[PDB]
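Participant: Spelled out, the chains give:
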Amino acid sequence: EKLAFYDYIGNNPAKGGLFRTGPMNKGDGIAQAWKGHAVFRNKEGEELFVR
Amino acid sequence: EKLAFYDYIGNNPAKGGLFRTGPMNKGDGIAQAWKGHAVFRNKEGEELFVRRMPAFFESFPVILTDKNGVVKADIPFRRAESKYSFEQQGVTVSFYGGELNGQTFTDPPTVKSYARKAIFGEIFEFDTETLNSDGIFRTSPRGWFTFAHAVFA
Amino acid sequence: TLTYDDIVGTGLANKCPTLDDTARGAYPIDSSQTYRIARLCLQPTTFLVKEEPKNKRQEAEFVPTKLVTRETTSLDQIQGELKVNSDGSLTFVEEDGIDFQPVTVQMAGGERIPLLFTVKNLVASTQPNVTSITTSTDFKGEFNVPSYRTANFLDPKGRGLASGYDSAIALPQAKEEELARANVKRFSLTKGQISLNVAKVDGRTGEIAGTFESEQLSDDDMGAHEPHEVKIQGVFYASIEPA
Amino acid sequence: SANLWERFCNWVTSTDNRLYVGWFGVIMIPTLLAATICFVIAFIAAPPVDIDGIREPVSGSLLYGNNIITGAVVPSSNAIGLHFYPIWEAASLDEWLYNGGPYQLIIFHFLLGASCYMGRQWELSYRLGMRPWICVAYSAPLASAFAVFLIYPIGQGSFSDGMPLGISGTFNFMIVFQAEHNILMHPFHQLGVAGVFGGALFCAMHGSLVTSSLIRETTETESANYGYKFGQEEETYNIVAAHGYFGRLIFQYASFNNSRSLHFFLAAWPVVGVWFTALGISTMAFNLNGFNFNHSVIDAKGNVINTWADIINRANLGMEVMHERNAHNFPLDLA
Amino acid sequence: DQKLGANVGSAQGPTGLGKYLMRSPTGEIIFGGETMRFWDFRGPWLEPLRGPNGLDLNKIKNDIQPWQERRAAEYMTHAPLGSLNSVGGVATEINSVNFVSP
Amino acid sequence: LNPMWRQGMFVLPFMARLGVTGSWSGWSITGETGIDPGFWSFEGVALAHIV
Amino acid sequence: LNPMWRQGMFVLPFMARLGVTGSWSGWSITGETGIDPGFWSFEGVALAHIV
Amino acid sequence: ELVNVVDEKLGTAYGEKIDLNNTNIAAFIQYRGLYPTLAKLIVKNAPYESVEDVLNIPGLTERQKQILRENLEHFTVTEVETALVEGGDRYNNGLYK
Amino acid sequence: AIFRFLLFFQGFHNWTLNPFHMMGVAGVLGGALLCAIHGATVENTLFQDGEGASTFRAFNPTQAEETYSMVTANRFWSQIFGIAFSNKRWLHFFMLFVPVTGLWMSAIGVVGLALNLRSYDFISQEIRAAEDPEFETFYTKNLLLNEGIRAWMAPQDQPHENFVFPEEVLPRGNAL
Amino acid sequence: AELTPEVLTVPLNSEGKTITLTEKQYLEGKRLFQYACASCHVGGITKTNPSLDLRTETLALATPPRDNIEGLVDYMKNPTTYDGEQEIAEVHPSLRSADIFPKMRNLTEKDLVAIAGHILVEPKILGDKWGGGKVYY
Ligand code: CLA
Ligand code: CLA
Ligand code: CLA
Ligand SMILES: CC(C)=CCC/C(C)=C/CC/C(C)=C/CC/C(C)=C/CC/C(C)=C/CC/C(C)=C/CC/C(C)=C/CC/C(C)=C/CC/C(C)=C/CC1=CC(=O)C(C)=C(C)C1=O
Ligand SMILES: CCCCCCCCCCCCCCCC(=O)OC[C@H](CO[C@H]1O[C@H](CS(=O)(=O)O)[C@@H](O)[C@H](O)[C@H]1O)OC(=O)CCCCCCCCCCCCCCC
Ligand SMILES: CC1=C(/C=C/C(C)=C/C=C/C(C)=C/C=C/C=C(C)/C=C/C=C(C)/C=C/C2=C(C)CCCC2(C)C)C(C)(C)CCC1
Ligand SMILES: [Cl-]
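Residue numbers (PDB author numbering), protein chains in the order written: chain A, 307 to 357; chain B, 307 to 459; chain C, 30 to 272; chain D, 10 to 344; chain E, 321 to 422; chain F, 52 to 102; chain G, 52 to 102; chain H, 38 to 134; chain I, 177 to 352; chain J, 27 to 163.
So here's chain A without its partners, still in its complex pose:
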């Protein structure tokens, strides 16, 4: 889980604002669990990827 957590833009320091005060948890919230890796597919079965 820890490793997966690093691959989340909500831990990127380059996100945020000057007057967006407080910890990162006031933003997206306190992380509870990893929902899991999402794999997207279409009718043909082809696997898609989110930009």
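Please keep in mind that the hints were generated in silico from the structure rather than gathered at the bench. Where hints are given, some of them may not hold.
[Unchecked claim] Dumping the calculated DSBU-like pairs for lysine-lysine here, alpha-carbon to alpha-carbon at most 30 Å:
1) H:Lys77 x J:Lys103
2) E:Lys379 x H:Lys54
3) E:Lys323 x H:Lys134
[What the hints assert, rightly or not] Cβ-to-Cβ under 7 Å is the rule here; a few derived chain D residues that face chain I:
4) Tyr29
5) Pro39
6) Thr40
7) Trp142
8) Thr220
9) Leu326
10) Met331
11) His337
[Stated by the list, open to error] Looking from chain D toward chain I, a few residues come up when the C-beta cut is under 8 Å (computed):
12) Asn75
13) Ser134
14) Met139
15) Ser177
16) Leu193
17) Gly240
18) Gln241
19) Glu243
20) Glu244
21) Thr245
22) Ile321
23) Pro340
Where a beta carbon is used, it is the ideal one built from N, C-alpha and C, also for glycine.
Fit chains B, C, D, E, F, G, H, I and J with the ligands to the supplied structure of chain A, relying on the hints for placement.
Facilitator: Chains B, C, D, E, F, G, H, I and J with the ligands alone, transformed into the frame defined by chain A:
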């Protein structure tokens, strides 16, 4: 409705506190409607009456008496030897006029709930969401003016 | 032997009796002669509290805890019959004794975890065919875990189950649906597991000793919040006699 | 060096120190510093304490949901009673804080130092060539601290019954005391308020009288206080004009004209009155309580005719019946 | 209560501490209630019930002597509680028993 | 059910006691509509004092 | 999933970087228990500076 | 849903008559010759599946069973409620004068 | 009849929790301190104006020099307490201010009690106490005492109300 | 509002027969009630056993009936449990145990009748107070 609203202790200036700031609506909430007059009865059909709260008391017990003032039912503290519990007496409540008009409630929790409210006089429906009320009585402008000028004088 | 004064304040009173390294023999069972336990005793050594795995289910383990109370933990004066069973096994059935002690332990965060360490209505059993009680002759069974606080207990605002207030009288005109859980007191009753594994026997005087391990729930505060899972390890001492 | 120890003693006893560290000071200063530091930390961050020994922890610190008015340092557990409970008597600090450990550390250190504080109020007076007995006046408030923190617990058999170190906690101490002892109906207490009321009265009396009979040396638009210089030879107020006024207020012989007889009365009254109130708590620590006129006056048939004494009893029952909810298992409160 | 059929050893009081019997901070078996503060008391009438670990549950169960019962009743009803005008009992007691312990 | 004295109004009643019972926005203390308070509305009174 | 840098901790990391990774209350930055930080815990460090 | 078992118990036979399975021992004093000896036996001897089961208490003398039969109309029986039976509350529920 | 007036104000108004009352006692108690401390300071800083031990006679009713060493009193308290007077005119006005100001604060508080505008509760406290049954302060404790006072006193203290409180409705702790 | 002989008329025995006490007997009983009862029976209760009081109704449902002079007097000589199925003179003051309870040595049959009368007259005067405890104080 207006006439019924005055018969509610939540409009008594003698209720409230020195640092209970804001309007009266931050207390019991914004009055929406009159639920209606609650008539309490027991298994024998006798009509009971809720002893109202004196302004002096922050909290008051729920006691039901008949016309002659004889205690017929109440909400006990110690259950071990309760003789007048709503359950033992089969206390029921009916409403006439208003929101709950024509309806009747017989399940003890619901009955005791309205009995707990009848203490304050006429029962009303409040909006506690809006102003984020805390359910604690506050005094009217009449109270504050009186307080300020009595001190100033 | 030591008198009262020879124990007072030393902490020795909260200690189950011990057998010497010698006493490692075996106690015989007539199977045609009734037996009982004149004195069972349980002395806690460690209190483990299974931690909540957060929302992220990751499998939880038991964590050590500090004993925030003092030397009041031990169970003593336990008694009952040790009836011999048709399969040649042995089952202890508790009758009476100091079968419970309220314990409170702290955690990493600082959370106090109060529990009712008990073995009330214990029904321990052994292996089938046990003519003689040898070293490590596992005792296993269940017991009852009554509510930590009893019916009459009142919360800081006067509310209680068998007595006390009906609601939050400090908030005369507040919505009650949210306060429901805290106004309505519930009396908890649950089961527990325990295993007494012998380590020292003494056929001569008929007194066994060893170590135990028990599991139970902690205080739920009249059903105000969820209880913690607790594991309890220590040592025990039993006095078996014909009678 | 004339001799290290000889110099040390000369430094201690020296009257040239900004603050007179005396020989009593050598004990006072450390004990008071431990008391205060422990208190401040406790009042802010200490965890809840099982005061009544019934596994029912009471939080009284700021960080644990309290404010100044409600916050307090909770007395040691009732399971401890009068046993000595230092830090080195606990398996851990967690245990020590749960059983009200800090409380003992504070009260013992305070009472010791505050006693030495009285001792120092003699010492400095000796070194300066002035008369003693100033410390004797301070013996009255100290004896109250002793009665409330030490004597009452000794009498009742536990330090948990000592007055808490906080605003509301003190209020609890009083209300309950009233229930179990009927202190309002006790002579020693009544003498206390007499001393305290009278004290405040006389403090205002003298204060007003003197400040009203000041000799004019100031401008119309200048502070009347500047009409006095530190280190004067003569008096700054007309004591003969003061006596002249107050003597006509009541009647001459019911008025002071002797400044020394005045200031003695000014000191004697509150000190003696508080001395009795301190002795009151120390007396009711062994359950020699106030007057019990319950059901005294009864009519010709035997019916009980109530007095104000009975109405007081009803209030007292309400306190008794409700105090320490779950601590009692038996009918009579003998603890 | 024991004569009414109560098992004093395992009786659970309101706080869950032990209605009649509990433990001292060092493990000794003592009397329950607010009386936990007076577990240091020693007295002729009470000692024969005490064991090597404090109050013995066996002696308590069937070695209680009648003279102890009425001794306990005596001392219970003669606690050192009274008023200045000598009215025995709690400050809320009624006039009847003129008494204040020496 | 929601008059001025429930909403912690302190100055408003003293304006109503002496005549001013309407607002420029159309509403009125008595609960009427279509009324024309003229200049001397609660706004008007407030305006005057500031001046 | 909820480490110091998610809770807006600014001083705490600088104390862990040089060794102090435990608290007098029992817990620890690495997430261990039963550990004995000694005196030099976060509380200890905070205490020293105040003195 | 959350309910107060004790307050709910008062809406049954319990709260109307002496419950042989729940009601505290002191309640047997309001009827002649029941309290000391008999009430101890009743409470000590487990719960009962019916009122009449109390007559089956082993050892009962001919007179005791006579007394019981008389007071049966004052007895009832309901499910054993833990809140009312636990902690030995049937011998002492913390109530006095 | 005054003692019940105190107990009433505690039970119904929670008078002790009122900031104005607190200033009140602070004024009376502190005023009773100034009375004591000033009296004792003078008597023990006196000059020798006689040859007897009983220095009462050795006072000059006709002003002239200060009967006690104001300079010595200053240096005393400056070393034992750290702070000390040095202006009798201010010292005496202060003795007027403290207890008079105190009584006046305690008055304002009672004026508020007339409208029942008391300092009874702390809302932040009650809200937590409602949701959390394990939260207890000495403040919560006190309110429970008030409830007992009100319930057990009201019937015979307010006869005109014809109060009838059944035994079962009376709030009580365990055993007691 | 006075202590009439109408009030001092209490049942002598079970068979309805009554007796009328005198103001001398009442006071004497009252004094004797303080001397040997009040210690545990102050205001009609029982400190060492609050389940049983001195209410006339409670004494009536006793076994044997103890709501009359004869009843109470017998009790003060040979006291029993509420069902009477057990003698408790060893742990209760009585004539047959005056060696154990010295207060009971002086007491004569005249004293026993007075005390008995006192117990039956008080509830006639005090009412609910005599039975209940602190609630009725
Ligand atoms: C530490 C304890 C303490 C202290 C110091 C105080 C201090 C005070 N309390 Mg108090 N109080 C306390 C605890 C305390 N309280 C507690 C625990 C309670 C219970 C809740 C109360 C409840 C309480 C109430 C209910 C009241 C006070 C009031 C007061 C104040 C006025 C007292 C006064 O000067 O009367 C002086 C009173 C006068 C009327 C002065 C005039 C009297 C005339 C001039 C005297 C004439 C005498 C005559 C010539 C002689 C004839 C008499 C004859 C018998 C000889 C004072 C600030 C009162 C207050 O605030 O009033 C504003 C008040 O009403 N208190
Ligand atoms: C005395 C005249 C007076 C009166 C009776 C009122 C009445 C009211 N105002 Mg109001 N107000 C006034 C003047 C007045 N106002 C003034 C002059 C202003 C401009 C600052 C305001 C600004 C104002 C606002 C912004 C609001 C109100 C609101 C309210 C209502 C709620 C009441 C409340 O919050 O009380 C609270 C009362 C207190 C907290 C009492 C404070 C007492 C202090 C703490 C005592 C201080 C003692 C002192 C420090 C001791 C030191 C002395 C010592 C050294 C000797 C009520 C109708 C509210 C409203 O509209 O309701 C919906 C609202 O939001 N008022
Ligand atoms: C520079 C050192 C520094 C840094 C990097 C941080 C970093 C942090 N602090 Mg922190 N703090 C510091 C010093 C610092 N602190 C000091 C010295 C104090 C004592 C007052 C505090 C007290 C403190 C508290 C009490 C809290 C934090 C919190 C936080 C975290 C949230 C960030 C935040 O709210 O930013 C907010 C940043 C801003 C709002 C930027 C303000 C920029 C101003 C407006 C510019 C002013 C321009 C000026 C007026 C122009 C005039 C000049 C002109 C005339 C020429 C973050 C980790 C929070 C936390 O713990 O998170 C959980 C929290 O609650 N800090
Ligand atoms: C960690 C944390 C937060 C801790 C919190 C702990 C805690 C609970 C603290 C709470 C404290 C708190 C908030 C208190 C509230 C109470 C309070 C502030 C009341 C409000 C005060 C007020 C406005 C009320 C009005 C009444 C009033 C004016 C009373 C004032 C009382 C007062 C200050 C009296 C002073 C008494 C005093 C000690 C004076 C000493 C003077 C002195 C040294 C004289 C000696 C002396 C005598 C002589 O004769 C001569 C000649 C000389 C030369 C001489 O020197
Ligand atoms: C476990 C053991 C712990 C040991 C602690 C280590 C030793 C103590 C180190 C002290 C360091 C702090 C220095 C403080 C300086 C100072 O106080 O004034 C400096 C003055 C100046 O003199 C002084 O100063 C002179 C030098 S100079 O003038 O300052 O340069 C010097 O010559 C003279 O001797 C001296 O009197 O010192 C004095 O007047 C002596 C009295 C000091 C009083 C100590 C505090 C009293 C506390 C009472 C309890 C209060 C309770 C809590 C209150 C909130
Ligand atoms: C004068 C003098 C001197 C000096 C002295 C001094 C200066 C001392 C000091 C002392 C001090 C300075 C002391 C201190 C102490 C402290 C303490 C004793 C504290 C304690 C605390 C605690 C114990 C805490 C606890 C806690 C709590 C309560 C809560 C939170 C957690 C904790 C754990 C933290 C000299 C020597 C030179 C010489 C002689 C004279
Ligand atoms: Cl309390």
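Participant: For each hint, tell me whether it holds in the structure or not.
Facilitator: Consistency of the hints with the structure:
For the given pair, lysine 77 of chain H sits about 26 Å from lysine 103 of chain J by alpha-carbon distance, which is consistent with the 30 Å threshold. Taken as a hint, the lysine 379 of chain E and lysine 54 of chain H pair is broken in the structure, with Cα atoms around 38 Å apart against an allowance of 30 Å. For the hint pairing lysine 323 of chain E with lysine 134 of chain H, the CA-to-CA distance comes to about 20 Å; that is within 30 Å, so the pair holds. Hint status for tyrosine 29 of chain D: holds, given a least beta-carbon distance of 4 Å to chain I, under 7 Å.
For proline 39 of chain D, the suggested interface contact is broken, since its CB lies about 17 Å from the closest CB of chain I, more than 7 Å. Taken as an interface hint, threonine 40 of chain D does not check out: its beta carbon lies about 16 Å from the nearest beta carbon of chain I, beyond 7 Å. Below 7 Å, beta-carbon pairs count as interface contacts, and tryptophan 142 of chain D has one with chain I at about 5 Å; its hint therefore holds. Annotation: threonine 220 of chain D was flagged as interfacial toward chain I, and the flag holds, the nearest CB pair being 5 Å apart, inside 7 Å.
A least Cβ separation of about 5 Å between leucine 326 of chain D and chain I falls short of the 7 Å threshold, and the interface hint therefore holds. Hint on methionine 331 of chain D holds. Least Cβ distance to chain I is approximately 3 Å, under the 7 Å limit. The interface hint given for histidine 337 of chain D is met, as the beta carbon of that residue sits about 4 Å from the closest beta carbon of chain I, less than 7 Å. The restraint placing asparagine 75 of chain D at the interface with chain I holds, with a minimum CB-CB distance near 6 Å, inside the 8 Å limit.
The beta carbon of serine 134 of chain D comes within 7 Å of a beta carbon in chain I, closer than 8 Å, and the hint placing it at the interface holds. Against a cut-off of 8 Å between C-beta atoms, the interface hint on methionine 139 of chain D holds, since the closest Cβ of chain I lies about 5 Å away. For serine 177 of chain D, the suggested interface contact is upheld, since its CB lies about 4 Å from the closest CB of chain I, less than 8 Å. Residue-level restraint check for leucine 193 of chain D holds (minimum Cβ-Cβ distance to chain I is 4 Å; threshold 8 Å).
A hinted interface residue such as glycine 240 of chain D counts as satisfied when its beta carbon comes closer than 8 Å to some beta carbon of chain I; here the least separation is about 5 Å, so the hint holds. For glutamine 241 of chain D, the interface hint holds, the least distance from its beta-carbon to any beta-carbon of chain I being 6 Å, beneath 8 Å. Look at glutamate 243 of chain D: its Cβ gets to within about 6 Å of chain I, closer than 8 Å, so that hint holds up. A hinted interface residue such as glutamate 244 of chain D counts as satisfied when its beta carbon comes closer than 8 Å to some beta carbon of chain I; here the least separation is about 5 Å, so the hint holds.
Because the beta carbon of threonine 245 of chain D sits about 5 Å from the nearest beta carbon in chain I, less than 8 Å, this interface hint is met. Because the beta carbon of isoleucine 321 of chain D sits about 5 Å from the nearest beta carbon in chain I, less than 8 Å, this interface hint is met. A distance limit of 8 Å between C-beta atoms decides the matter here; for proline 340 of chain D the minimum to chain I is near 6 Å, and the interface restraint holds.
When the structure is compared with the earlier hints, violations turn up for hints 2, 5 and 6 and for no others.
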